[PDB]
Amino acid sequence: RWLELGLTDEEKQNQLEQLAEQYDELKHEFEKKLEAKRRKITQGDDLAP
Amino acid sequence: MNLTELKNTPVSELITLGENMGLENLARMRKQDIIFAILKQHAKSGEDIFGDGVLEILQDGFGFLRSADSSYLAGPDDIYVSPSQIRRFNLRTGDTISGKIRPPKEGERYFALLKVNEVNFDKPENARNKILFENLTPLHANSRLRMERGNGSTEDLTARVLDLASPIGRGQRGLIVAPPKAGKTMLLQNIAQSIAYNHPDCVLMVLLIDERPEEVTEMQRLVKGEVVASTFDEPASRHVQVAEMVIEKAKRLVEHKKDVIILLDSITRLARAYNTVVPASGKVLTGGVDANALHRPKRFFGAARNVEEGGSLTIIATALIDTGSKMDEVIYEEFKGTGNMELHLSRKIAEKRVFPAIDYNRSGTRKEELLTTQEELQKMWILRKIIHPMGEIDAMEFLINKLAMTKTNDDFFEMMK
Amino acid sequence: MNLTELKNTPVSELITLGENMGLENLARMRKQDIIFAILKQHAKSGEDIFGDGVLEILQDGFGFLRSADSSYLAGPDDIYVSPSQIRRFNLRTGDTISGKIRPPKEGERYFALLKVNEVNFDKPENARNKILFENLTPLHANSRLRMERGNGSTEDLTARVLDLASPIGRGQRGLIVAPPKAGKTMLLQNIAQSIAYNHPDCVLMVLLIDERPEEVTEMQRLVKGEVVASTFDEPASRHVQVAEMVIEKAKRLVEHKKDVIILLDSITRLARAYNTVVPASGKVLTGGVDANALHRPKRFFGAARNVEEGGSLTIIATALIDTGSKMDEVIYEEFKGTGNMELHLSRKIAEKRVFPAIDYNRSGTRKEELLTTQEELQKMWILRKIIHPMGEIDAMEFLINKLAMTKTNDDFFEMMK
Ligand SMILES: Nc1ncnc2c1ncn2[C@@H]1O[C@H](COP(=O)(O)OP(=O)(O)O)[C@@H](O)[C@H]1O
Ligand SMILES: Nc1ncnc2c1ncn2[C@@H]1O[C@H](COP(=O)(O)OP(=O)(O)O)[C@@H](O)[C@H]1O
Ligand code: BEF
Ligand code: BEF
Ligand SMILES: [Mg+2]
Ligand SMILES: [Mg+2]
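Chains as they are written, first to last, in the deposited numbering: chain X, 996 to 1044; chain c, 1 to 417; chain b, 1 to 417.
Hint data in this document are derived by calculation from the structure and do not stem from the laboratory. Some clues are possibly wrong.
[Unchecked claim] With a Cα cut of at most 30 Å, we get these calculated DSS-like pairs of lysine-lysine: (1) c:105 - X:1027; (2) b:402 - b:385; (3) X:1022 - c:115; (4) b:385 - b:336; (5) c:44 - X:1028; (6) c:184 - b:367; (7) b:7 - c:407; (8) c:352 - b:417; (9) b:402 - c:184; (10) b:7 - b:130; (11) c:181 - b:417; (12) b:326 - c:298; (13) b:379 - c:352; (14) b:257 - b:130; (15) c:348 - b:367; (16) b:130 - c:31; (17) c:407 - X:1027; (18) c:402 - c:417.
Throw the hints in and build the complete structure from the sequences for me.
Quick look at the structure:
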């Protein structure tokens, strides 16, 4: 839970930023997937007039 | 690309930029729609975006980074950030953030921040180690904000007169008591120009609440810095939104050891707005005003203070009287003595069409020996004793003549000796 | 055939035209039904139609082109256009369009547009390249709209007095504060006649909201141009419909670099209408008025501005006071200082039955040195100083006598020197 670190910018900052970006993108993609699944399963279906 | 360079340019610049980007006829859409389309076209070439926005949070958990183009409202240009970033980098409302952002990705519709670069013009290190606003200790002002320009033009009078009428200090709680159509607009224009010329270090802030668009554009092209405004094209929702946005921005700045000076006009309209939005708690008093509805304006006037270690938050708000609205009357009554600086303008002198129109005996500052030096204070005492027996129109003409033969205040001082 | 030539003719003309067309007895149907039948009979001979209508869109997607015969309401004469044309030619509400139309074909019931010819009296080329209204920059008025006719008849007084009481400029935000039965009807008649005589280039627009049909017909036969009206034969729905129609028409015109001058009467009735249509948001204040219900009138008064590159939108709206309705009181209170031009009429002077009845000390214009020249402004200052000490009835009689011995304002000016 404490990914926040930093020292020796030139390469460590770049790599840590890339990995944090990958992590947040994965989290956002999975949240989008979950929200899409929720909207799909909660969408009421038509039955008859 | 950077978002601010799309911010500072007018609409025709966006038109020619979109024409450079080979875009459809874009004269029909909003400026923010044009900026969105141009940023999408730029990122389609495999480019990242650089943005800057003031942060705002709802109970929904996630945050929105607004720009000053819409005076901090929702729009296609604002950036969406997850609550995770707010939890990590210790973000909060009013914290202006600048950094890398990307256009909305597959299924998204607003921008998203990638990497923070400047948190209130500061690295995240000391931004996370920020002292809390209400946890601070208020003080009084010794740093005197000199209102005199020194050039001594035709209008500089209205500034230099304050140097002998109402001293201004950092973090002062000032309120203007004035009837409509008296000269407050040009007055605040003068004060903004003077503080920017004499003190360019302190970030300037002006509050245009419930005003006409002509005044909006005239003040956004005359103040010597970034400004915010709000007309009556939207209901009190926009007004309360911009009030919270500006108050949290000023709070975060003064927490970052900044010197903020907000100019609010007019405060009665803010009170009307806060009344209109807040539901009735079941008790109303005379004037059709709810009891605890004024709590938000109260707070907004109480945010002014003087930080001990460094920084200050001065608030100079104008109030409307003599409008005939008894509601407004009661409002001013609630604002009887909440501030330590009073600027009283009277319609009687302004009807004689001389400017400015100062109520010297009615205006003043509480605990003013802590602002200026001893000789200046003694000369202020002498001037007050000389101006008390005479009336107001004759006194105003006397002051105007005395400050018309002379330019700096030392000449008038020695002439009064 | 053209639709406008069926527009400008009275009912008896349509009767004889239908008799020429060998039609059944048509005295029973509406004028629009007669026009529909005549157009069907004309197209049955293998003919096309030429029409002109102001465009309006609902959420349904497609658009309707209304005429001024029904003051822009639904009818058998309005033209139906598909959303495809709106998407292609970049159409929007208020955009008056003239071109080829056909009667409703098999299964259809309203007219359909074939080929656009004039988009707001302009080719589609520059009509698609239209600057957005809210994206513009407001300004102030230097072009002085001279209200003096120069003929100097018996009633021209009420116009020339404004030349010394309330200067009029292009894009001015003007509001009249007047009790009922004081002389506002003839006042706006005079102002319309004067602006049409002195400035025939600017398109005239007059708003008759919630009025009696006699006033409707008297103003539709006295204004020097096209007019719109709305009586109380329908609920507030028609009122809000015509308000949106006229505001979008004026917006599209001023976007086409036009000079629009709208005369609204009365604005309190528009506020009542907007209150009646808009549902309650759960919060009501004193007067039985919703909080954010006044947002639409606010906006309508805020639409007035001055375009930088060219064109202007002046709005002169009348408000009703002294009616005893506290609701109305609160309404005027909301309209305390939203406009930069006030025309105050008092019942006390009108009870002495002299016309006009100007409240000189209460009326005025903010930032008026930018409208007229320097000598005219100095003479206005002199007249204001001369009229301030005296009362109102004596001052009105004095002004009437002084402008009765003389005809043009230069004579009164030099006589005041
Ligand atoms: N110090 C001044 N110097 C020159 N003109 C002034 C001065 N003060 C006021 N005026 C004039 O008086 C008018 C003030 O009107 P306005 O500013 O709209 O009212 P308010 O003072 O309530 O904002 C302006 O047109 C301005 O030209
Ligand atoms: N310039 C004028 N000359 C003569 N009579 C006038 C003049 N202006 C107003 N009046 C009188 O005042 C009355 C105004 O009537 P009305 O139009 O109902 O007032 P309002 O416009 O306030 O509704 C008219 O009956 C008319 O006789
Ligand atoms: F700007 Be004025 F005081 F209405
Ligand atoms: F036209 Be009246 F003043 F009702
Ligand atoms: Mg003002
Ligand atoms: Mg009338």
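Status of each hint after checking the structure:
1. c:105 - X:1027: 11 Å, holds
2. b:402 - b:385: 16 Å, holds
3. X:1022 - c:115: 16 Å, holds
4. b:385 - b:336: Between residue 385 of chain b and residue 336 of chain b the Cα gap is close to 25 Å, so the pair holds against 30 Å.
5. c:44 - X:1028: 24 Å, holds
6. c:184 - b:367: 12 Å, holds
7. b:7 - c:407: Violated, at roughly 70 Å.
8. c:352 - b:417: Holds, at roughly 20 Å.
9. b:402 - c:184: 35 Å, violated
10. b:7 - b:130: The given pair, whose Cα atoms are some 29 Å apart, holds under the 30 Å limit.
11. c:181 - b:417: 28 Å, holds
12. b:326 - c:298: Roughly 29 Å separates the two Cα atoms, so the pair holds.
13. b:379 - c:352: 15 Å, holds
14. b:257 - b:130: 9 Å, holds
15. c:348 - b:367: Holds, because 19 Å separates the two Cα atoms, which is no more than 30 Å.
16. b:130 - c:31: The given pair, whose Cα atoms are some 14 Å apart, holds under the 30 Å limit.
17. c:407 - X:1027: 67 Å, violated
18. c:402 - c:417: Between residue 402 of chain c and residue 417 of chain c the Cα gap is close to 13 Å, so the pair holds against 30 Å.
In this structure, the earlier hints numbered 7, 9 and 17 are contradicted, and the remaining ones agree with it.
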